[PDB]
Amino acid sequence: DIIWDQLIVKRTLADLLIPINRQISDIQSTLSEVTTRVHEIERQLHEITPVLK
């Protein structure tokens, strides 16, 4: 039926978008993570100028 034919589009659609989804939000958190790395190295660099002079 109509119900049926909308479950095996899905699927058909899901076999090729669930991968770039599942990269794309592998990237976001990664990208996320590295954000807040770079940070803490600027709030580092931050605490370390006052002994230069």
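In this text, the rigid core denotes the largest set of C-alpha atoms whose superposition between the two forms falls within 1.5 Å. Positions refer to the first chain, counted from 1. What changes on going to the form deposited in another entry:
- After superposition on the rigid core, the C-alpha displacement between the two forms reaches 2 Å or more for just one residue among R37, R43, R22, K10, namely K10.
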Second form
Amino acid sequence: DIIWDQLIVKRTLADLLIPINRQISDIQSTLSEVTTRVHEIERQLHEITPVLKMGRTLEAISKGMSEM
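Can you now output the form deposited in another entry? The one shown was the form deposited in one PDB entry.
Next comes a single chain, given without company.
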């Protein structure tokens, strides 16, 4: 009787939640795809930040030698 009332709300709610679970599963995979793309970008920027720091010091040391 109250066990029916619970079963009813459980199944009414689980069918309402099928779209919510689908919406979430697609967000979890799309969020994981972005996190690996951002991991690949940060690595690609950590290997090209030094060469530009070397380039700006070469610009600073050639400015000091042109003054002489």
